[PDB]
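Q: The lines below spell out each chain.
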Amino acid sequence: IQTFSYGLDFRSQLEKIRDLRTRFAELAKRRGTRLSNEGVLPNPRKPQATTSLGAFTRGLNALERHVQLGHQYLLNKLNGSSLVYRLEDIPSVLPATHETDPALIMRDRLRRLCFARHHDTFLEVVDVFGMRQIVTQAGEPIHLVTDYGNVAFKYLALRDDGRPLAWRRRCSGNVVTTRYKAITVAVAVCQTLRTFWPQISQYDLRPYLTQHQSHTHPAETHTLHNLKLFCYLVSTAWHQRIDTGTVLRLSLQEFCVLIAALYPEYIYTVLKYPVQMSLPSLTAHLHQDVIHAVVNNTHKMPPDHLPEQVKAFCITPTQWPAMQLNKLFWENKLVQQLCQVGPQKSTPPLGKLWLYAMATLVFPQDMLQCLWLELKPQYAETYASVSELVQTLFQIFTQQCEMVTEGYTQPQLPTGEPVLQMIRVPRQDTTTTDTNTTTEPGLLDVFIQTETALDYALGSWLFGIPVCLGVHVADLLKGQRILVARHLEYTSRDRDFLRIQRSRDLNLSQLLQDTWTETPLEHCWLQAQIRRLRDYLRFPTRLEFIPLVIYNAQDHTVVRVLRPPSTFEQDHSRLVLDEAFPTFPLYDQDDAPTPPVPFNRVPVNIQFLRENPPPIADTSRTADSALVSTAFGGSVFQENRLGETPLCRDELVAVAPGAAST
Amino acid sequence: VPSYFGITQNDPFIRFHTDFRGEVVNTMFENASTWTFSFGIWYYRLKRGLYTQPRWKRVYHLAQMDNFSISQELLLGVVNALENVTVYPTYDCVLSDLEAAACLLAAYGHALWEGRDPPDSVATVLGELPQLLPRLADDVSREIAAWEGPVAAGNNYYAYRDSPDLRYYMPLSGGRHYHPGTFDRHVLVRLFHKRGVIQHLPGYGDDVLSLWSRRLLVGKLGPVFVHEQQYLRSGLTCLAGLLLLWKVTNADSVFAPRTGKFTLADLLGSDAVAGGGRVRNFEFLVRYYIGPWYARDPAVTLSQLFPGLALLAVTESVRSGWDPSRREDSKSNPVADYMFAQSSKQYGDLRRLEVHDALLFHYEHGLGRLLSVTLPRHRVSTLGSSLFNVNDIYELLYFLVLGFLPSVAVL
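First to last, the protein sequences are chains A and E. When the letters of the first sequence are read in order and numbered with PDB author numbering, they come out as residues 1463 to 1635, 1640 to 1710, 1736 to 2082, 2095 to 2120, 2149 to 2193. When the letters of the second sequence are read in order and numbered with PDB author numbering, they come out as residues 180 to 384, 401 to 417, 421 to 474, 493 to 545, 561 to 642.
A portion of the hints provided could be inaccurate.
Stated by the list, open to error - Just the calculated beta-carbon pair ranges, DEER-fashion:
#, chain 1, residue 1, chain 2, residue 2, range
1, A, 1706, E, 493, 33 to 41 angstroms
2, A, 2114, E, 309, 27 to 35 angstroms
3, E, 309, A, 1640, 25 to 33 angstroms
4, A, 1790, E, 303, 38 to 46 angstroms
5, A, 2113, E, 194, 54 to 62 angstroms
6, A, 1706, E, 309, 45 to 53 angstroms
7, A, 1831, E, 493, 47 to 55 angstroms
8, A, 2096, E, 561, 27 to 35 angstroms
9, A, 1708, E, 474, 35 to 43 angstroms
10, E, 342, A, 1706, 34 to 42 angstroms
11, E, 561, A, 1708, 35 to 43 angstroms
Stated by the list, open to error - Under the rule of at most 27 angstroms between Cα atoms (straight-line distance), these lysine-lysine pairs were calculated in the DSS-like manner:
#, chain 1, residue 1, chain 2, residue 2
12, A, 1647, A, 1694
13, A, 1791, E, 445
14, E, 445, A, 1647
15, E, 576, E, 562
16, E, 459, A, 1791
These are calculated hints, taken from the structure and not from any lab test. Every residue gets a Cβ at the ideal spot worked out from N, C-alpha and C, and that includes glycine.
Take these sequences, add in the hints, and give me the full structure.
A: What follows is the structure in structure tokens.
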């Protein structure tokens, strides 16, 4: 039984044990001495002759109890999961890998003790086989009654030793992408414009032009003058074009925000070139068709126009019902069943945390670093790398459960095993009736309730499921239309998204051999779970590639989840910009046309707002302070070229270095 | 065996043996009835002008006067004349245009190529066009903004100093000499020369471009410098056209809600479309018109690829009021004169070349204005919708590729 010679055939062990007792009882009756079940189990170290017949009765009872409880545990695990249907589907592990570390085995038992579904009283003994173990009051071995529930959840317990990570040190291998940088630069400015519009609108632009005197106004007034003159010029551009189904009225501030969001090039354009130079080009370059396309985006996602042409798209909330993407990624019944094992019932489901653990362990490190630097949460802002959250939360999980010991007067259980020690697990959760009712939540407590776009992105990458992430700017027209900026959109046609599916390593056997704890049944069940998960992840269920996600910018929290309806109609909106604060008269330009301005530079730094107003009528500044929109539109993620030195898994796939900043 | 053209966003590549334009047109007027079909109203005015002349009425077989239908051979003649607009055997086109544009962009982007793997083939440069176009656009736009109109700046482009007396594309003295300053107003010569791409130019104001052109072309030919022959003009004109097309087409997406009644399914039938991503618009055109069509026939030039824009350029230059003869110092249909010359062999080769080069000069003169205006795509779309029934960009791509856009009147 210790050598696992017979394998998973619990039956043959059962009947040979019954036959063993049959011969035993034959001999017992032949001797004429009654059998006594009060004896202790025989010790292989002790002489065989001194051991009594009743000792062998109790030993055979222990062996049977172990085998049928193993069979029943296997049956319960089969009943609790639909991934496997019948017992013979699991193959026997091989006993070729035979290593037993007593300290590691004891530590594995101690860590697994904290995985009990409720708080329970455990007691440490030596089994009938001669090995130290811990059992419950019913005699359940710890490795049988308690299971980690995941191969990685059991790997991480044995992984935390000394330094946080050694694989990263073995590989021996701070970069933000241009898309996220541009998104933040645009969104912060747009929300700042929306918030303090009464103050900027009251600023008087006329004196600056009429005086023809420059740089008199203070340094802080650079930004306010730039922004108001900016969307003033936007309004002047709008006025001329309209000279050449519902009617929509947009306030001046809202048109400022919309046009600023559509092209990030305008803000750099105003600073780079004078107002008189820009005005004809600004008026002519804009138009009506794309603005109507943006404002009337409905039943269509990802948007028809490429990222280079369009940056934000509007959504009507009433047309799009509510979807629950939690069921798709983590709240699924199978994931919740796998994560159900926990220290106590009051602990939340660990589907989200297990999904993050999957993302950390399976996906390449460089991709994880880049995605974390992009979608860094506010609560996790204190932590740097991706594995830090997992390590910290596992440390907290270890910290919830403590140890207290209490003696037991009877040295033996009714089963007859000698009780060396008894360990009691205190329920140390802060749920005592302090009558205060108010306390500071822990990182786990605020972590479970709050959902992030990083969660959805990791689920999309792991499960091979599409998702569209949209930054929320504001809600318009009394909520009739919603401002959504283009941040991240998944489609099978995208090369990076089809490449990252195969970039991850679905081979999870290393998580099996690297945590061998001399438990064959658990190893076989974990192998079952790994192969079934590999089959599930290799084939991703498709839903016509139409999930949409709206998340906040400041706190990185998901705001709304949408879904397009089947029926569609052309809105045929008529956009009329109301005029209550008109434009100042044009000067010395009416009664060769000026050259156009380049709409090909998206600013990356914020220092431009501090700069001087443009003089009326550097190449390094153009190249560095602002970035080209064409490379912005292209897929950011790429793969590093192979070299003579074998690249790591994380070094093989990397974000393009030219666009991003290191 | 069959060549593949897959420019369409919503359709895979069409498989054909030869004569893609001819086969497509034949299927157009054979599979579907063309009685209710109608092209642009400018086609209808050309129809009236052809009918009123009896000899060319019999040549072109224009039976009825009122209906908007256009005979198939007339469209074939339009397309083939537009093809011949550029193609030249004067230099026997030893060096086709696309290669000239590739070289001119190559010498400018050689600094850009230093970061990535250095290419040694023309096809590699063609594959880098999606990567090379953004920097080229940024630099041409910044140099456009820096333009103060020092030289005569009615419209910024090229060839605003060619002598009115000279009416032929190629310089007369063996193709070497030039009237000094013919290209001073070329905006991109002011760009490259400032960047040092073309260090020396006769009549203006080593040459790593010349060395590179020789080095890559000697293997394929088994070389003509910028100052040597006409190689100068063709590359500049075709690359300017390419940049204009890129800016116009990538300004809007093709998935715009359909407003016209013209669909390829109605053209080829439901069976044909039934039998037969989401990136920049040119990336669908590249590995169908740029690479495999080049492999099939390297000698093909820009006019053959995109005959649709020629009519728009001709119309725009007509609208400007400028004439090839006057050059700022009568007939308003430059398209039909070459047709008349080609119809009968009694026309002299010298006269045919003369009128063909006049039409060509008018063609680049029209090309200049679309890229000289702050609203290129605007003017192109507004003119094309009115004069060719171009209702959508999904239709504009078909028109520019094929040179025509049939449509049931529905009026």
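Q: It remains to establish, for every hint, whether it holds in the given structure.
A: Against the structure, the hints come out as follows:
1. 1706(A) - 493(E): 33 to 41 angstroms: Given range 33 to 41 angstroms: holds, Cβ gap about 38 angstroms.
2. 2114(A) - 309(E): 27 to 35 angstroms: 33 angstroms Cβ-Cβ, so the 27 to 35 angstroms window holds.
3. 309(E) - 1640(A): 25 to 33 angstroms: 29 angstroms Cβ-Cβ, so the 25 to 33 angstroms window holds.
4. 1790(A) - 303(E): 38 to 46 angstroms: holds, 42 angstroms
5. 2113(A) - 194(E): 54 to 62 angstroms: The hinted range 54 to 62 angstroms holds for residue 2113(A) and residue 194(E), with Cβ atoms some 59 angstroms apart.
6. 1706(A) - 309(E): 45 to 53 angstroms: violated, 34 angstroms
7. 1831(A) - 493(E): 47 to 55 angstroms: violated, 41 angstroms
8. 2096(A) - 561(E): 27 to 35 angstroms: holds, 30 angstroms
9. 1708(A) - 474(E): 35 to 43 angstroms: holds, 42 angstroms
10. 342(E) - 1706(A): 34 to 42 angstroms: holds, 40 angstroms
11. 561(E) - 1708(A): 35 to 43 angstroms: Holds, since residue 561(E) and residue 1708(A) (Cβ atoms, about 40 angstroms apart) stay within the stated range.
12. 1647(A) - 1694(A): holds, 23 angstroms
13. 1791(A) - 445(E): holds, 25 angstroms
14. 445(E) - 1647(A): holds, 26 angstroms
15. 576(E) - 562(E): Holds: residue 576(E) and residue 562(E) sit about 22 angstroms apart, inside 27 angstroms.
16. 459(E) - 1791(A): The hint holds at about 21 angstroms.
When held up to the earlier numbered hints, the structure conflicts with 6 and 7 and fits the remainder.
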